[PDB]
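J.: Given next are the chains, with one letter for each unit.
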Amino acid sequence: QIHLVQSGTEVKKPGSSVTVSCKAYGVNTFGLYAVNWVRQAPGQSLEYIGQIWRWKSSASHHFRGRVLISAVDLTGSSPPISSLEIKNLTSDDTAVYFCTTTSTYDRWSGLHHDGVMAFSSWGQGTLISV
Amino acid sequence: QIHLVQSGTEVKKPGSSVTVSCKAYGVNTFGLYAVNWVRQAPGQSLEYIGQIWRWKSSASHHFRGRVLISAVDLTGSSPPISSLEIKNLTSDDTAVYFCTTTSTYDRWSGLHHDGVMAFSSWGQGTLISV
Amino acid sequence: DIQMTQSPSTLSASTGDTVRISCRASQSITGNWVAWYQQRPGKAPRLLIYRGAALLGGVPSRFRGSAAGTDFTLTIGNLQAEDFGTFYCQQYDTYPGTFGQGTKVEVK
Amino acid sequence: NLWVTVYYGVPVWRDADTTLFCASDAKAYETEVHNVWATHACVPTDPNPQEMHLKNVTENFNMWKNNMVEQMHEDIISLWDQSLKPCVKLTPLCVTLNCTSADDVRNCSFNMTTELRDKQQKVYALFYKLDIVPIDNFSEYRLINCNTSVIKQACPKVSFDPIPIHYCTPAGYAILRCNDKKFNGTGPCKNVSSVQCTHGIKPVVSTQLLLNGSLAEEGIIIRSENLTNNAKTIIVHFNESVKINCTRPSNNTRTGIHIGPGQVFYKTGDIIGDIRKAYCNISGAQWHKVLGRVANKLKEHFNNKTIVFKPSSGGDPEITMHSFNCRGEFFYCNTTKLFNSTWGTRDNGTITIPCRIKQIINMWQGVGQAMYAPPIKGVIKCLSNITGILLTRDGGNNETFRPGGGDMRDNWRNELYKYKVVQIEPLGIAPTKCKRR
Amino acid sequence: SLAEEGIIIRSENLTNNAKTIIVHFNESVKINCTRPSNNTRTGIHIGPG
Amino acid sequence: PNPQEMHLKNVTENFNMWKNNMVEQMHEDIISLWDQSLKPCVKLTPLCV
Amino acid sequence: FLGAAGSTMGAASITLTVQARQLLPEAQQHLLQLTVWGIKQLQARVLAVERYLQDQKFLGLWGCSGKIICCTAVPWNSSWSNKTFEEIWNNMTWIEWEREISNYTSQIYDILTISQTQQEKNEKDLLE
Amino acid sequence: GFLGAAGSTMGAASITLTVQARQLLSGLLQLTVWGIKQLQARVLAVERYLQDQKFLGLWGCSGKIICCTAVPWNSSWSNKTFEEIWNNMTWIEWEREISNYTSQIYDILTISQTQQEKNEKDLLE
Amino acid sequence: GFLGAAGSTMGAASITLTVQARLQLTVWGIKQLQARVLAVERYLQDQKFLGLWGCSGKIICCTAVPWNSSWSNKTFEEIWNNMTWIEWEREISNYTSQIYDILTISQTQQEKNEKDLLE
Ligand SMILES: *[C@@H]1O[C@H](CO)[C@@H](O[C@@H]2O[C@H](CO)[C@@H](O[C@@H]3O[C@H](CO[C@H]4O[C@H](CO[C@H]5O[C@H](CO)[C@@H](O)[C@H](O)[C@@H]5O[C@H]5O[C@H](CO)[C@@H](O)[C@H](O)[C@@H]5O)[C@@H](O)[C@H](O)[C@@H]4O)[C@@H](O)[C@H](O[C@H]4O[C@H](CO)[C@@H](O)[C@H](O)[C@@H]4O[C@H]4O[C@H](CO)[C@@H](O)[C@H](O)[C@@H]4O[C@H]4O[C@H](CO)[C@@H](O)[C@H](O)[C@@H]4O)[C@@H]3O)[C@H](O)[C@H]2NC(C)=O)[C@H](O)[C@H]1NC(C)=O
Ligand SMILES: *[C@@H]1O[C@H](CO)[C@@H](O[C@@H]2O[C@H](CO)[C@@H](O[C@@H]3O[C@H](CO[C@H]4O[C@H](CO[C@H]5O[C@H](CO)[C@@H](O)[C@H](O)[C@@H]5O[C@H]5O[C@H](CO)[C@@H](O)[C@H](O)[C@@H]5O)[C@@H](O)[C@H](O)[C@@H]4O)[C@@H](O)[C@H](O[C@H]4O[C@H](CO)[C@@H](O)[C@H](O)[C@@H]4O[C@H]4O[C@H](CO)[C@@H](O)[C@H](O)[C@@H]4O[C@H]4O[C@H](CO)[C@@H](O)[C@H](O)[C@@H]4O)[C@@H]3O)[C@H](O)[C@H]2NC(C)=O)[C@H](O)[C@H]1NC(C)=O
Ligand SMILES: *[C@@H]1O[C@H](CO)[C@@H](O[C@@H]2O[C@H](CO)[C@@H](O[C@@H]3O[C@H](CO[C@H]4O[C@H](CO)[C@@H](O)[C@H](O)[C@@H]4O)[C@@H](O)[C@H](O[C@H]4O[C@H](CO)[C@@H](O)[C@H](O)[C@@H]4O[C@H]4O[C@H](CO)[C@@H](O)[C@H](O)[C@@H]4O)[C@@H]3O)[C@H](O)[C@H]2NC(C)=O)[C@H](O)[C@H]1NC(C)=O
Ligand SMILES: *[C@@H]1O[C@H](CO)[C@@H](O[C@@H]2O[C@H](CO)[C@@H](O[C@@H]3O[C@H](CO[C@H]4O[C@H](CO)[C@@H](O)[C@H](O)[C@@H]4O)[C@@H](O)[C@H](O[C@H]4O[C@H](CO)[C@@H](O)[C@H](O)[C@@H]4O[C@H]4O[C@H](CO)[C@@H](O)[C@H](O)[C@@H]4O)[C@@H]3O)[C@H](O)[C@H]2NC(C)=O)[C@H](O)[C@H]1NC(C)=O
Ligand SMILES: *[C@@H]1O[C@H](CO)[C@@H](O[C@@H]2O[C@H](CO)[C@@H](O[C@@H]3O[C@H](CO)[C@@H](O)[C@H](O[C@H]4O[C@H](CO)[C@@H](O)[C@H](O)[C@@H]4O)[C@@H]3O)[C@H](O)[C@H]2NC(C)=O)[C@H](O)[C@H]1NC(C)=O
Ligand SMILES: COc1cnc(-n2cnc(C)n2)c2[nH]cc(C(=O)C(=O)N3CCN(C(=O)c4ccccc4)CC3)c12
Ligand SMILES: *[C@@H]1O[C@H](CO)[C@@H](O[C@@H]2O[C@H](CO)[C@@H](O)[C@H](O)[C@H]2NC(C)=O)[C@H](O)[C@H]1NC(C)=O
Ligand SMILES: *[C@@H]1O[C@H](CO)[C@@H](O)[C@H](O)[C@H]1NC(C)=O
Ligand SMILES: *[C@@H]1O[C@H](CO)[C@@H](O)[C@H](O)[C@H]1NC(C)=O
Ligand SMILES: *[C@@H]1O[C@H](CO)[C@@H](O)[C@H](O)[C@H]1NC(C)=O
Ligand SMILES: *[C@@H]1O[C@H](CO)[C@@H](O)[C@H](O)[C@H]1NC(C)=O
Ligand SMILES: *[C@@H]1O[C@H](CO)[C@@H](O)[C@H](O)[C@H]1NC(C)=O
Ligand SMILES: *[C@@H]1O[C@H](CO)[C@@H](O)[C@H](O)[C@H]1NC(C)=O
Ligand SMILES: *[C@@H]1O[C@H](CO)[C@@H](O)[C@H](O)[C@H]1NC(C)=O
Ligand SMILES: *[C@@H]1O[C@H](CO)[C@@H](O)[C@H](O)[C@H]1NC(C)=O
Ligand SMILES: *[C@@H]1O[C@H](CO)[C@@H](O)[C@H](O)[C@H]1NC(C)=O
Ligand SMILES: *[C@@H]1O[C@H](CO)[C@@H](O)[C@H](O)[C@H]1NC(C)=O
Ligand SMILES: *[C@@H]1O[C@H](CO)[C@@H](O)[C@H](O)[C@H]1NC(C)=O
Ligand SMILES: *[C@@H]1O[C@H](CO)[C@@H](O)[C@H](O)[C@H]1NC(C)=O
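Protein chains in written order, with the authors' numbering: chain K, 1 to 35, 35A, 36 to 52, 54 to 77, 77A to 77D, 78 to 82, 82A to 82C, 83 to 100, 100A to 100L, 101 to 111; chain C, 1 to 35, 35A, 36 to 52, 54 to 77, 77A to 77D, 78 to 82, 82A to 82C, 83 to 100, 100A to 100L, 101 to 111; chain L, 1 to 30, 30A, 31 to 107; chain I, 33 to 134, 152 to 185, 187G, 188 to 309, 312 to 321, 321A, 322 to 358, 360 to 396, 408 to 459, 464 to 504; chain A, 264 to 309, 312 to 314; chain E, 79 to 127; chain J, 522 to 545, 559 to 662; chain B, 521 to 547, 565 to 662; chain F, 521 to 542, 566 to 662.
Everything labelled a hint here was simulated from the structure, so no lab data went into it.
A portion of the hints provided could be inaccurate.
Unchecked claim - Taking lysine-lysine and the DSSO-like style, the derived pairs with C-alpha atoms no more than 30 Å apart in a straight line are:
| id | chain 1 | residue 1 | chain 2 | residue 2 |
| --- | --- | --- | --- | --- |
| 1 | F | 655 | I | 117 |
| 2 | L | 42 | K | 23 |
| 3 | I | 171 | I | 121 |
| 4 | F | 655 | B | 658 |
| 5 | B | 655 | E | 87 |
| 6 | B | 601 | F | 574 |
| 7 | I | 252 | I | 502 |
| 8 | I | 240 | K | 23 |
| 9 | F | 658 | I | 87 |
| 10 | J | 617 | I | 87 |
Chain K on its own, in the form it takes in the complex:
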């Protein structure tokens, strides 16, 4: 089936950088799939970060110039992998992170619309606090 895995909980300090890698078991390729990055602050509402879609990466204004997106698809030994890393970390990045997917093979399904889309599958989630 489909299953997502991320790294473990990490505790950092201001001025540092952190890494989070996403590995999907079930996604044949990221060419006809999309991965969306979402952050949930403790108690606060879920927040959108950015995406890579058709190997094109972008992010919202609140994270432009401070977030990095990369992805590598099927490999002879490893599954498709997507990575998010924060640059010049500040004390306000203390929140859980999640890796999501969706299917883009059919236009007429209703899970996507002009790049803005829902999230079919959710990762277990990794916790980063400072």
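With the hints as your guide, set chains C, L, I, A, E, J, B and F with the ligands onto chain K.
T.: Frame of chain K, contents of chains C, L, I, A, E, J, B and F with the ligands only:
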């Protein structure tokens, strides 16, 4: 095939009652058939009395309140039977009688029209004189 | 650039009752681009309804949704312990696709 | 104010599945040679291409879910069955064969039925060793498929020459072709063009090497379902063709025996000249060059390890040997020399690979329903390209890539990877300001 | 399927003795049938295939 | 059903009997009706003895 | 037939004359056989016939009767769509639009039928 | 094509004639037993619609539910007045009553349409 | 399609066009199935053309396309008074495709102009 047989002949006197019953060999049921009572005249043209059609008895305007009509369909041993009773018998009743049937299974045939129909199969007849 | 709010934020519920939760959008989402999530305590949210009223695979049929202009609602009948949790309303019509405020359901 | 207006002919489509019929080329096959594939009945002759270039339209294509490949597999299985339904039954031949213990003929002696039911005859035939299985001088033997299938002779006139078949779509449906170089058949496609129907494709089947196929544009590109599982086969498509020439050089004869009223079993006959076994010749330098390019391409998607090509382990004779038919006789060549170099000296001498011919063919992935192929009575010589290999990985540094084959669908995936049928929806509703009728 | 209100006798000619009478029931009676002793199946090869 | 024949007036046509496809269709239809009628019938192979 | 589908609705509306022109075929050859290829053509014929007949059946009921640009006196309800004429005809393709308003096609068809039959009834009254 | 509202007289059903079209959409490669039946069924429907639409088209109604034709009423076909035709006689009853003059009605309609077509060209010159 | 009146000049026949018209597998059964599809298919094809040009059920359809003398050179009287229909259709059999395209384009152009008038 279809064959009709009525009762025998009777010679009676005014102020009495007499009944003639027809037994149809070939009518599966009177639900999709109809029995029309027609009285021939000693020298004149034939006349109409009444009918049973979908088990709804009726009679002509010149015989209302006198003639009675009843019928019973297939039984274990007997075929369908229909009967006519003449009440308050008079000299004008000296004529033959017939019991007749026409098929009503298809609306589009042309042998019936809104309950007023032709006369397909005719019985032998029973002369009654008083 | 598009915000949404949903009420009630926290509502009590009992087994066997039918609960109606509504999320309201700032603008008119005429394309029925609204999705619903439910998360258990300390669990990632799971998609339940997409395009207003469409069920996913392997989902209980008691979850139902109705979409009409600005009023999007999710109706849960015959609640169970597998169904208590925290619910969310999302719109994906204009970039970026944001989330609702967040509503929680407590037993009794 | 705005009012609903209705348009017929708007450009909208949705993915769908249909029945795609066949169209062949001008030359009708009423040339008295009738193929197993019935190209003559593919009466829709093909008049013109009519392509349109969709501009600024991107489409998503996934080769592994195409229904076009699934339809072809069924049509080819059915055409073969239809051809062999009116052919000789061959049941009298499942009898004990008394063969000399002194590929290889071992010719044997058997008793067979004559035209008159009461009488019997004794017949001698040369039978290839590959088709005769020992049952336990002059030891007894039995045919290979006596215990699992019914064998039907091929009708002699029918030709196994493979001719192009073009598959086409009924009105209201269209076919879309990707037109993109290096397109590993999965992902978005940029310059999708609307084609009336597919180009000429040859219904050839071979186990280990793909012969007479289409050639890629930019370079050698690898295509596989899941590049992690070792139970999935890897298909390689070449951008240049190596040439293999194969011949059975002896001069043989066909003699016919009467096994019933009106039925003839044609048996092999004594050879004149006794030439060596059939071989196949494959230019060493070009083969090693394309093998090196394929090795580099494999190194690209497999973690930059060292790629070792090893020979096939075992299985049915089809799987372990290169299989094809030259002029109606299937023979299975031994391809160890072709795949043994751990690529990341190379010998330039023409490589000659031994071939052992067979006669009794068995259905691929099925039960029963075998076929018997009669001899050709002459020498044969067929020339072909090779434009693809099929390899399957073995893992448990370096990687082991055993040559593979056997699935009859995979032979056409290199030709139907760039097509996708879409239903057309012409109706549409849009608002404007006309407001009458 | 059981009839809606009462037992119904349907026949082609209630007079002929050569016509079968079909009876339909308002309510069902239940019959349970079993072959108690388990047996074995073995296969013999009578021809090629 | 009832025939409807209409005379074509002032029209001349050219006819060649040896190129008619109507005769060729009949030959095939009659050959095939006989084959269909004899397909479900006794084989008679034990007879040649 | 599909072609030049990437252009916006306004750009491709003036090129609908090209789409209609130049014969807006195969499988017309009679076979009368029951081989493998003989049945697929027989089914393809029926598929094409049913598709065209269904489309022309839907078109006729609204009073269009074979015209490419069919005007109807049905007001536009904002529940089906909000966007204005410019936002609809300047930066949106036909696939995008038909995916946007795919939840209100049945209601649109029904309303068109109501309007056509009501307009048909009004005329009979005027004639008398 | 409607079933239901067959019991009611013309005056009741005609109002809902609009509804008949209104409410709803209105109006194999196998040799198995079921597959051939499906092939025959598909052909039967297409063929029937086209025959009906071909009959409708020749009179120039061109796919419209109520069609007015300029054909005067002949007293041989019927006698009853508008009230006693449209107030107490069902459609089946009427179509059974006038089943002897459908062919002549069809022929008259076709001839009238052809004559009207010819008279139009003269006006255009 | 009225055969009969096929040997008359175009003007005479035009007047007389008063009326236009009115499973099992066995050798016969398949033939009957093929015969049905052939007719349905044929009727639809002429109708598709007629409708695109805007004729829609009229036996005589007036179209706005002008006549170019490179198709024909004769006068109305020569064409109608002494040419039968099978002669004329053979005489102009090289300019039917262009004529069909011209009528389709003209019908589409008229169709577009009306929307402008309605605003
Ligand atoms: C079938 O055939 C098709 C067609 O051939 C084939 O498709 C190809 O698939 C390839 C994958 O196999 C694919 O290649 C990958 O493409 C990725 C996309 O790259 C694009 O985006 C990035 C990022 O874009 C940012 O940044 C740039 C520059 O800063 C900026 O200009 C952009 O605008 C954008 O900024 C926007 O977003 C920001 C957020 O991200 C935001 O902040 C900004 O404000 C702004 O909004 C660009 O850099 C690229 O140039 C492309 O434009 C690409 O990311 C990926 O790179 C990885 O792999 C390379 C090798 O192939 C490495 O060299 C590279 O370093 C990447 O590897 C890193 O990531 C992996 C994944 O986790 C990790 O494991 C590695 O260790 C490595 O990590 C290290 O580096 C990262 C930094 O990247 C660090 O964070 C880590 O800590 C490590 O240090 C691939 O290059 C190719 O595009 C595609 N081609 C086509 C035509 O489709 C398909 O694969 C075939 N199928 C099969 C089965 O094979
Ligand atoms: C399949 O399943 C279906 C569904 O169940 C089933 O259908 C059922 O079939 C039944 C038959 O098997 C059927 O039952 C018969 O119905 C007959 C019709 O009855 C109606 O009419 C009579 C007469 O109506 C007259 O008179 C009344 C009162 O006077 C008046 O109010 C009326 O308006 C009408 O008057 C009009 O006409 C007059 C002239 O006729 C005129 O003078 C008036 O001025 C006026 O204009 C009513 O009385 C009834 O109430 C009904 O409204 C019915 O006649 C028949 O009755 C006979 O059988 C009964 C037993 O079932 C007896 O109890 C009864 O007495 C009748 O028996 C007489 O007739 C037989 C015939 O030979 C005879 O043998 C008997 O001996 C007896 O005759 C003697 O008495 C009469 C007086 O009654 C004398 O005249 C004689 O001389 C003798 O002395 C049945 O009851 C049932 O309706 C039907 N159900 C449905 C829903 O359709 C079907 O049969 C099944 N099929 C099979 C194969 O099984
Ligand atoms: C191409 O082919 C490859 C090879 O076949 C294939 O990769 C394999 O995919 C399958 C999925 O189909 C993967 O199986 C899943 O793996 C994850 C992760 O396992 C990794 O980590 C463990 C422990 O370290 C290792 O032992 C393992 O080897 C992997 O490295 C598992 O977590 C999954 O478990 C689910 O399935 C169990 C039954 O097997 C159930 O117990 C349960 O459903 C598990 O899901 C549960 O997990 C949640 C916690 O996260 C839990 O809270 C939920 O309740 C949920 O139910 C599963 O076994 C397999 O690992 C892959 N192997 C490799 C080498 O990649 C590709 O998928 C295939 N590609 C395509 C497109 O098909
Ligand atoms: C359900 O099944 C039952 C049983 O099978 C069936 O009932 C029987 O129907 C047949 C008709 O198919 C009846 O046969 C006719 O009966 C009449 C009446 O005869 C009565 O009287 C005699 C003498 O008293 C009795 O023996 C007899 O049992 C009856 O009580 C006969 O008159 C008919 O005669 C015709 O047949 C002759 C050959 O036998 C021919 O010579 C000739 O055609 C006779 O008709 C001729 O008679 C006219 C003079 O009246 C003459 O002028 C004409 O030319 C005319 O052609 C015939 O034998 C049989 O009696 C029924 N039996 C019972 C017990 O009911 C039901 O009909 C059936 N139901 C359905 C729906 O099928
Ligand atoms: C706008 O239109 C789209 C269609 O293009 C529409 O999406 C459809 O919604 C319906 C309604 O939910 C979906 O139908 C369900 O699909 C799920 C998928 O798994 C099924 O499980 C459901 O079946 C259950 O319920 C049935 C009825 O109770 C039971 O009989 C059955 O056994 C199951 O229990 C049900 O069929 C449909 O799948 C989608 N379609 C797509 C393509 O997603 C959307 O809802 C419309 N928008 C609005 C606001 O209505
Ligand atoms: C040859 O195998 C059958 C044998 N017999 C039948 N029978 C038909 N009727 C009966 C009673 N049997 C068959 N039908 C379909 C058959 C097939 O399509 C089929 O498997 N392949 C297609 C042809 N091919 C090859 O060219 C090829 C290539 C390299 C080596 C050997 C063969 C093998 C695969 C089939
Ligand atoms: C496709 O074929 C071309 C030539 O037909 C190959 O092009 C050569 O490739 C080698 C190594 O890749 C280079 O050293 C040569 O310079 C190339 N020739 C030219 C003219 O550029 C190409 O390599 C083939 N594709 C692949 C993937 O190898
Ligand atoms: C600080 O943040 C900016 C913006 O993210 C980044 O570009 C820069 O490299 C960072 N500098 C330091 C001191 O880390
Ligand atoms: C073959 O048939 C002959 C009869 O002519 C018989 O003598 C011989 O024994 C048979 N062969 C075998 C192996 O029994
Ligand atoms: C797509 O292919 C066509 C012809 O092969 C070519 O003209 C066109 O430029 C290609 N598309 C792109 C984006 O290059
Ligand atoms: C195969 O035949 C071709 C043409 O006959 C020839 O050019 C080629 O050299 C041959 N192959 C070998 C290995 O000699
Ligand atoms: C393949 O064949 C031999 C036989 O084992 C093997 O040892 C060698 O590596 C390969 N052949 C050559 C010539 O290298
Ligand atoms: C048939 O069954 C119903 C209930 O199932 C009962 O009410 C009815 O009386 C039964 N029929 C007869 C004749 O008793
Ligand atoms: C009955 O016999 C069958 C066949 O041998 C066997 O599979 C099954 O287990 C037996 N059941 C019991 C209860 O012994
Ligand atoms: C929109 O308006 C139309 C009237 O043209 C009406 O029929 C329809 O019901 C309205 N939509 C809704 C959702 O009420
Ligand atoms: C489509 O809408 C956007 C609104 O942000 C506008 O900026 C854009 O110019 C529009 N498209 C065109 C082609 O004008
Ligand atoms: C039908 O006609 C009869 C007599 O012509 C008349 O009495 C009756 O009232 C009419 N029906 C209705 C419903 O008025
Ligand atoms: C005659 O006119 C038609 C269109 O009216 C045009 O297509 C054709 O080219 C013209 N012929 C010449 C010789 O100009
Ligand atoms: C038509 O031409 C022919 C020969 O050119 C001539 O005989 C005939 O009279 C002409 N038609 C008429 C009506 O005169």
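J.: What's the verdict on residue 252(I) and residue 502(I), does the C-alpha distance respect the 30 Å limit or exceed it?
T.: Violated: residue 252(I) and residue 502(I) sit about 56 Å apart, past 30 Å.
J.: If you draw a straight line from the CA of residue 655(F) to the CA of residue 117(I), is it 30 Å or shorter?
T.: violated, 60 Å
J.: Taken at face value, is the distance from the CA of residue 87(I) to the CA of residue 658(F) at most 30 Å?
T.: holds, 28 Å
J.: Mind checking the alpha carbons of residue 240(I) and residue 23(K) for me, to see if they're no more than 30 Å apart?
T.: holds, 28 Å
J.: Are the Cα positions of residue 171(I) and residue 121(I) separated by 30 Å at most?
T.: holds, 19 Å
J.: Below or equal to 30 Å on CA atoms is what counts here, so check residue 601(B) against residue 574(F).
T.: violated, 36 Å
J.: Between the alpha carbons of residue 42(L) and residue 23(K), is the straight-line distance 30 Å or under?
T.: Roughly 19 Å between the alpha carbons, so the hint for residue 42(L) and residue 23(K) holds.
J.: Does residue 658(B) sit within 30 Å of residue 655(F), going by the straight-line distance between their CA atoms?
T.: Holds, because 25 Å separates the two Cα atoms, which is no more than 30 Å.
J.: Does the structure keep residue 655(B) and residue 87(E) at a Cα separation of 30 Å or less?
T.: It holds: about 25 Å lies between the C-alpha atoms, which stays within 30 Å.
J.: So if I understand the rule, the pair passes when the alpha-carbon distance is 30 Å or less; does residue 617(J) with residue 87(I) pass?
T.: holds, 26 Å
Violation of the numbered hints given earlier is confined to hints 1, 6 and 7; the remaining hints are satisfied by the structure.
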